[PDB]
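Here you get one chain, nothing else, as structure tokens; it is the form solved without the RNA.
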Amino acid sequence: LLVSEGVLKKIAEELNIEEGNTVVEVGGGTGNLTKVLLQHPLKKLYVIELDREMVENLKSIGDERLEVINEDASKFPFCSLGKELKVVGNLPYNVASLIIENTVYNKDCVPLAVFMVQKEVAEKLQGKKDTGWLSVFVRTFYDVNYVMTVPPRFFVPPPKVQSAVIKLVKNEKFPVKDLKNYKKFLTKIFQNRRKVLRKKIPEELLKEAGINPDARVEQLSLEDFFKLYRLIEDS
């Protein structure tokens, strides 16, 4: 996705960059976002990028603050790099969900993330439409704020895609001990959308959490997930 200077400026602005910040850009294609980020007084900018052509583009930028890391942003442990990291990226559609999930695993060191994603992905994460496990996983740890609507640009070849900028702001709503276990919990409850919760979770447990056993996962609120999870979380 080629992005306008105005939209790129907004994205960088949403990070609220100040002196001493470490920013982590997830993807380096193209270095237009990189250049805009470097117009702010950040201390260090990590760019997580593997693509050889995209890494060549970054090489020509001589800024001492820029360090390219050749790894997969969908699998990279961000917290291995720093205790406080602002994460940003114009995310490709095939990896956007995996990158966002990975950011969440690293919630302990990511106070703020700003992403451009497809419109439908933004809507899902906010819990507005077709809410899936990832939406609940994110919102357990972040507020998902809608920042910008990014319609397809006029001079872009088909297929025309509607995008949005979203901002994840740290706001932990449950002190989950084991994120991997929490993901399992969410994936189990969302699996087989058509099946009533009775058929996935023991009725007695649902009743104890104040959940209708004959509800579909669509009926659950954020608080519902927490009410049920505190009942099964190991001590």
Contents of the next structure:
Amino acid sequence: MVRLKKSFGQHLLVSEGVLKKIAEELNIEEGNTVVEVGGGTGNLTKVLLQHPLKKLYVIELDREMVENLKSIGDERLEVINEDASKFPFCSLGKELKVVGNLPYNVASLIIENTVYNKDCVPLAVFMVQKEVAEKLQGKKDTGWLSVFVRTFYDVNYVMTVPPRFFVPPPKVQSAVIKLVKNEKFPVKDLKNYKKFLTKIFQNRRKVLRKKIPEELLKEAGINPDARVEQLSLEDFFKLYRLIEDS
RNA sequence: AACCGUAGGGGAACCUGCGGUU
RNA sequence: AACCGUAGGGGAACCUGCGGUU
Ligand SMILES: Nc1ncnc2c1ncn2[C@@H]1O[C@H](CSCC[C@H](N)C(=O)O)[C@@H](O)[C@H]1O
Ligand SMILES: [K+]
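Shown: the form solved without the RNA; wanted: the form solved in complex with the RNA:
Below: every chain and molecule of the assembly, starting with the one above.
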């Protein structure tokens, strides 16, 4: 349908080149189950099925856009109508290739959710807002979510997508990012690990001895008078174990 | 210019601490 | 858990100084 409820952040990607570049990056092989957050009118959906899928899952929230199991008449296509920011991905298999052009308003929530379902997603490819994409990369800017993702996934940037390659053109830039899973370190209950990092990135300009005891930081060999945006990934592991109750 | 980087202004997602009624 | 309060964090759209480049 038209009217495209902008409250849902639905901007249809109308560009052949990037649509199939998003699909190719998943490395879809013979018997893979792919999950697509926010299918929409199904521009990416039509491209994913062009690959040798086993099963395409589409998690769409819009009860009018989900009705578009239309011309896309495929036996291996199933459309689930629920919120992908809260949906349990691991209720669809043990190894799932997640993909999706994310709506800006909830994009960060779906990413956080897939990291919760890490055990059943070997790799994910997302189209996100630039200020979210460049943040998750790590090098120029970070956040609590950036480290939360990178702890389990090796984030590798793919491409920038100009606002013109969309129908209702967003005022922000977009980017495709690939989330390849790499076994860094064993963090249990991501619930309290998230709450840990989100307290460290609180007042990120201030020194660290101001949020974690000065000598307790001198323990892990971490400069007490250092900012949050200087710590290696190991540091985040290194100090989380012995400061936060798990 | 747009674009990228950078420095403010601006405040929309989202987050935490404490507290209150439960 | 939930709703409210409260202190901060965070900083998108949009605006500008500066530096590259059409
Ligand atoms: N919470 C949520 N969970 C799942 N899907 C959502 C969602 N919130 C919004 N969406 C849907 O996700 C889509 C993102 S726009 C992506 C559309 C698609 N790439 C295309 O071009 O056809 C929108 O269609 C929107 O309706
Ligand atoms: K503030």
